[PDB]
Amino acid sequence: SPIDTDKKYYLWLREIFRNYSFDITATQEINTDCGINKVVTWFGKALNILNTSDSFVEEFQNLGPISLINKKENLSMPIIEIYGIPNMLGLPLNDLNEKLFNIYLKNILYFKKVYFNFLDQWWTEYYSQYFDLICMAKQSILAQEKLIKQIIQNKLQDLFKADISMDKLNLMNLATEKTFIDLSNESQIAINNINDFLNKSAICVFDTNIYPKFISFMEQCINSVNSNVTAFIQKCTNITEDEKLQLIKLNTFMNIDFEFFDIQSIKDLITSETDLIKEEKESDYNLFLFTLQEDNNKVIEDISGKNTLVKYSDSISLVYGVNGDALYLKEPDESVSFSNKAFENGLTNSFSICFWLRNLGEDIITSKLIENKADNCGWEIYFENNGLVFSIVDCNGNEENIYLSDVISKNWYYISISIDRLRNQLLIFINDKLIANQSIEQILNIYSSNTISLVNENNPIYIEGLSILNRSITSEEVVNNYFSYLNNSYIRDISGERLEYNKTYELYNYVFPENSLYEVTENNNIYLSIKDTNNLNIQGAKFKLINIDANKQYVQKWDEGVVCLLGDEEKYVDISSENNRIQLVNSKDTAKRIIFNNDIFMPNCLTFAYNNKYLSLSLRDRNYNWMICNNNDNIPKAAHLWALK
Amino acid sequence: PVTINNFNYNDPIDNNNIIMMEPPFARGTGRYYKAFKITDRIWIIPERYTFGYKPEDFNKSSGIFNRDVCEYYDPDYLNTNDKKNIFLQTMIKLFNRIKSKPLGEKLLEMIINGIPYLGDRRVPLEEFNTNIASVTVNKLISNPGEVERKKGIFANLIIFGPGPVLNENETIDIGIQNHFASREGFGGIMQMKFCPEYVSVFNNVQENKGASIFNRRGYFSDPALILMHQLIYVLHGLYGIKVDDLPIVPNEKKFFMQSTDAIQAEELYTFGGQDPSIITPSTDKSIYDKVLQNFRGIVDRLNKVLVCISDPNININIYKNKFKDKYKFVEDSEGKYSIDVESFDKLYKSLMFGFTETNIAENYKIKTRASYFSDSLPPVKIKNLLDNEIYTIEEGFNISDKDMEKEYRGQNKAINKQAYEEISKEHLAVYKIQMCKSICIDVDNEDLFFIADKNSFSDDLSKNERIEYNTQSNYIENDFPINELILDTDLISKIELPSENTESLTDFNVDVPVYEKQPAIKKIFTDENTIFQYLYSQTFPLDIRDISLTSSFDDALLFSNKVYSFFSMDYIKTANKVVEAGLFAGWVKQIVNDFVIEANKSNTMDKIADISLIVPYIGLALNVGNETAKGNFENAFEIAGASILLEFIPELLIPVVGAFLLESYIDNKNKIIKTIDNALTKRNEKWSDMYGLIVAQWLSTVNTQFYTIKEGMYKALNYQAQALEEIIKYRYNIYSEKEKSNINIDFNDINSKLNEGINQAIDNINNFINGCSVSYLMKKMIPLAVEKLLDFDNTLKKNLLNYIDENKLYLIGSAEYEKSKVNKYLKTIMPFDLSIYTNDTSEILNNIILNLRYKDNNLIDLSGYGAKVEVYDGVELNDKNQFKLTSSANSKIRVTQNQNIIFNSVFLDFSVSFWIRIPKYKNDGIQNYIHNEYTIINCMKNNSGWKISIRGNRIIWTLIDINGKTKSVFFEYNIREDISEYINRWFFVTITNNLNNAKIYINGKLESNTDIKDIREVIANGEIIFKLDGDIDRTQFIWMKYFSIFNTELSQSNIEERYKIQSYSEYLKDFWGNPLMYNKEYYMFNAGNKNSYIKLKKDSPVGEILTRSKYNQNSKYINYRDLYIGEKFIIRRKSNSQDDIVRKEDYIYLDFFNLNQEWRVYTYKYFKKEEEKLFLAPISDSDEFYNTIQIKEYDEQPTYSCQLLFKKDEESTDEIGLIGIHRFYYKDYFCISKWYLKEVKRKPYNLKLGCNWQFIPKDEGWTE
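In order, the protein sequences belong to chains B and A. Heads up: the first sequence runs through residues 550 to 636, 638 to 1195, numbered per PDB author numbering. Heads up: the second sequence runs through residues 3 to 440, 446 to 848, 859 to 1155, 1159 to 1245, 1254 to 1292, numbered per PDB author numbering.
Here chain B stands alone, though its shape is the one from the complex:
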């Protein structure tokens, strides 16, 4: 039945766009002697080259790149004038070698100039025909693009005559206009695939066709000149016979001497400056926030190159977060705005957003966080109960309200969201793990403002690394980004903040994450262990870190120090000798020096090392698991990871 409803128009328009993108961007991978090549599948039918058979890619492998061009053989040997015979006076000693060596050097250059002659022939006679196919292939892509616009235009013009609300027609016109931008972008991907595909074919015909001919022609031109040097040295009389064999062996050209070819050194020739500008000015980011505290100055701005506009209320302070400076919305009714035309999504666009978050609300109350909705159309993130909620609403009233449960107060989280329209898939990550995997097949059109707003209600918050992409992301990218950002020189707390000297803490073991260490007296000595399963009500001990260099604040990897316990009397950790248990002493002189460090894949955990032996828990002993200097292999490796506060 004919299209008569905006909902049916949206479904028709989406199918045309997805089918067009699959057709135009099709490729296949071929392993060649020459490297790895991406073959454009539709090249055969576009211009009728090797189009006489079932498959284009199969024919390409059998015949090779040469089969594409029309004039196959065009090479011509130039005129060579190697008079290699040295031109005899004096020279009575073996110091003749000085004269002969300079002749040896020149013959190498003459071999090179011939090599450049063949490259120029390849450029002028063999590359020219490849560049012609590139231009024709581009003309073909644009021609097909021009036809799809007409089909879409005709359908919309017909629909304008039907009985649909003036306002709904306005939105359909806006959605169609933004789709034309997406078709242009997808066509630009295909053009890039064509370029590299034929550039590698052109470079390769040199390796397999022109280069072997250059070998054969120069092979004879050596037999003609090396013999001419042998004849000369017999004529020379002053030097002894025994030296004649030596110098002949020392001035003889093998095939190696004239062999010049680098697959990389030719690619540098093919690349112009215009290609450098294009790669230096293209990115997937619509927004890349750059924050920089300065003396009586804040700098907050977008360095993504699309020049998003930023507006923020004064009193927005900068503070160190995870790996640089974070916005601190300390006081209520504070806001930040980002303005860009790309933020109006529509029907076909795909995008991603990611940022770090830390919430000091510690209250169970709903609150707005980040929003791009206008008249209940668009998306947003906000707090509910303990966790977060992500919402996305359609012009027709289709919704997705997804609940994320992990979030609690005073911790650092990494949130990453992706929207994919070719696959109709939604992905959400928290830190390292994939939380949600949904189909948004029913969502259709989303059209909203050009402004994204970041706000507070009463909760103070830190935000860091806010960024927006114009494409979807995969699981592998998320994991790499997460760990790479945390791979800096600082040790962290259990909550993700930097450790500090001269600050109180509680000590936990990774194997038992909810029991804290407490002091135990067995003999006159004092030890540490985790609390048993019944006396968990007991209060844990309190610890501090100390460095000899006072005025040092934050702990970094490979720093040395001591460990102190608060109480009526100062205590310090020391290793017993009778057993390797850790015991407390009341003298700072006998306190052991310990090294602090962590693991790349356990960012918020810590380790203590003494003379390259880690400190770990022990196997059960009556009611106690002691803290010891371990050397056994019968204790799990996990037992030597600790956490503070």
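Just so you know, these hints were derived from the structure itself, not from any lab. Every residue, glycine too, gets a C-beta built ideally from N, C-alpha and C. Hints may contain errors.
Unchecked claim - FRET-style restraints, in silico, Cβ to Cβ:
1. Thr-1083/B x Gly-337/A: 15 to 23 Å
2. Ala-666/A x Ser-550/B: 39 to 47 Å
3. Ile-673/A x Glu-1064/B: 36 to 44 Å
4. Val-869/B x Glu-1083/A: 21 to 29 Å
Dock chain A against chain B, hints included.
This is chain A only, laid out in the frame that chain B set:
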């Protein structure tokens, strides 16, 4: 604490450790057996387990006992004292291996302490009793020539020999009056039938490890893990948690279904992995509740036990404490025992999800089956376990000394071929399905599909709830961390038990099972040509030598000498061809490469969310599903999805979630609020209960069908390879002896080349099928469930809002708040996460030598094939993995490769890789540099092999075949650049050879290529030599690092990735690539101004930029620019709290030498411009400048450049600027600018920025 005793079968009876026993199923009729006490409360009886078996059942017949195993019969096993003594010695060895690790000691410790409760369900609650067949066993005291005298003892475990089948083991419980004390919380004596000689064989078809010769060839089980697996069943029986509930029942309504007995939830819990995910959360809560009730029963008795009747010697107070510890009860001051849920929860999860075959195997480093439903192969015999050369206590078969530990080579059938013996097909019995058309073929019942019935899943979701002010959301997680279990064991505390001696048994009431055989053949009629028929067509009788490939399914199925093939017509046409002696050696290489290319064909997927690639010939090979053999397989897949592959679409069970009933409190405002909160939390529980119900159905009905398809394909591919070799071997024997002597082909090389290709094909098929399976769950099962959950949400919303209104008066000032909360709460969905149910979370693949790993001032091979390395006193080594070779005679290394594995001679699949540092040419010695060539590495025997040589300025790789033909490929670096990227600097090399081309990569980029199609055969082997060999100066040397050899061709992506991993380091590097150091003089070099350097002004405290000098009196062939010029800098520690290596993000001083003093680089605290010159002045401290720097590395790709950042203070977030070079135009200045701070954050990092620096120390490899 656990002690193992020692015995010999011929030792006299002592009535303390060797006795005469009357086992439970003897019913007190006599026939005593001789027993040995392996350990406290554990006994061994070396005899055949004959109870309930007919005497004639010990001989093989037409019958069978089990329908899912190959059964081996041997009526002479254990029939003489010599054999009977061999049984005890092996048993003692296996127990010693179990207690060699803490996890094994805990399992034995729990079994000893887990005494059965001295009671039974028929006993009054106020007493103990011991005249029960499940508690006591009789022993004989009287001498053989005396009237009988008996005595009783306590025991926990009794171990027998195998019954009629030797490769099947069991644990049996004792049942009285059809009731089992082991399923009612009490516990009882357990029995086990065991045989440690014949073991099971499995395979790892689902494990991906790339192109490997020995991957997926069959493994045999470690008998120690078999015993442990059976000991977990004992642990359940002793603690009385062996409950029965809803089992898994197979579907048997179609000819292609697998037939089996019901499976109990305990068996799946015991196995571990993702198998407990097949039990729905509804049944998890059901089992948890029955166990809790039974423990509540036991506590009632401990509070009421006062007297003992059977034995007056029993001390009640002693026993009460044992049971209190066994069940982890809690005691109060008054003397009352109770249960605390926290304690009970930890106990329950330890026994059920803690001790599992998957956890035990991981800890001991043994290989086992992937899943309970995985396929099995015929058993084997282990020749001798008592031989320490084969089986050791510390590491079993995987002995590291023999190079059998890597990848579990110890249990690999193809490798460790001396530890086992194949069984004679005569004695094996199997259950077979014989399917005749209207021809007839036989298929083992293990080869069909397994599909669970609709009756195996519970529907407790559809029952009503009652919500009250104190309702909790119970939820059982199927997990318990293993490390918490290990740390809980005590290896020093003593073990103490009551006396075992007691009164004799008098009541012999007990139930003895009975067994019977069943017919082992079943006949059916069917006319469908399914997977079973399409595999039988790819076989030929061993009696026929002449065969030919065909694409006609019917033609192959009709003629005895014709074989079906699903490859291309091209491949089939070539294979049937006949050629002459002049072309046999070329035809063989051509076809075998075609087979490897025919398999390993794949296509990418773009428009489907979950799948990534497709294999197009699966339909032709098997014809499984809706006649996938017809038309184009790929086209049909796109329009229909994964449904086309399933042989049977199952009906999905989805209950309607029951209604909530909310209580009515009169005036408690707080209680009304709590009931609303409890209902909202309880709703999130129903979401996870529904998701669990779907995943269980997917694992046992859809995922099993896909597994059978993976096995079919692996079987189908091997059939093709067998046929190809038989065709080759026939054409070889036809040639006359005279003519045959001129054909040199190695059949061993042919066989391994094919196996390597098959492994690559199976990897692609795994990825494809795994995507298809998951894709089905997300798109055709989960959405049908979310729909009925959303219906439940709507119904609940009406119920809650109506509940608020009826209590509106009591909620003064709160009704409006609750109504908002309910509306907001029930609008969201709880998203589905698969990672909860599955255990789901490459560099090292195909490595045969990993030579350069420094250890204790020596090199060693970490490969795990045990190559021998000899380093002579002339070689220099350091802990940075950097050895140096020299012109001295003793500067040499020798590596002797193991004979077992070497690269194929006929096809040449292998690669080499390393780092290298070649010094600079001498200025005067130019002529010698350009002409002389020397070798550095050599592997050649009889002048046939490979080598690596350095001609002047050129690095080469040559290859010589048996007939003396030579090839070569090389890389050449410019020697005219002002600043070279290679001349004395570390760089990465990688060489690669296949049957067609040789390639060389430098830092991950292809550099050269050469054609080697002509090369006949390379026969190098045995030895590798590192040594400078040739006309060289006395002052020649080379550095090397990270040398390795791969037995497979490497891809461009792998080489590029390997470049980054080996380039990574937490410290900074200097100009040459060596680590940067404190207190060492350096020269500065700016990346953006490579031709300029720094100097101190003659009258001002500002550095001036000059121009780098260039080579003078130039020889026309050489050109470069100086490096040892300008100011010498030095990096100093700022703190000294903490080795001299500089690490990223360090705070430093940047000093330099002026005449005979040390100066420092300062900056003005305040300037009114983006750029300003730096201040140079002697050492001092003041409030006018900043003298703190932090050394940074902004780039993420490998590099030798670093950036220098000024800061106000260590704890401050303020930044001043980055050091660099700026032009104030046309002068250049040593400046600090704020401008760079924005640039360094732009992606991609710009290498040409003016803020990138390198440090150049003096080196012996570079001269003026």
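Now for the hints, and whether the structure bears them out:
1. Look at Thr-1083/B against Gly-337/A: about 21 Å separates their beta carbons, and that is inside 15 to 23 Å.
2. The hinted window of 39 to 47 Å between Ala-666/A and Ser-550/B holds, with their beta carbons roughly 42 Å apart.
3. Hint check: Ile-673/A to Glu-1064/B, Cβ distance near 40 Å, so the stated range 36 to 44 Å holds.
4. At about 27 Å, the beta-carbon gap between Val-869/B and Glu-1083/A stays in the expected band of 21 to 29 Å.
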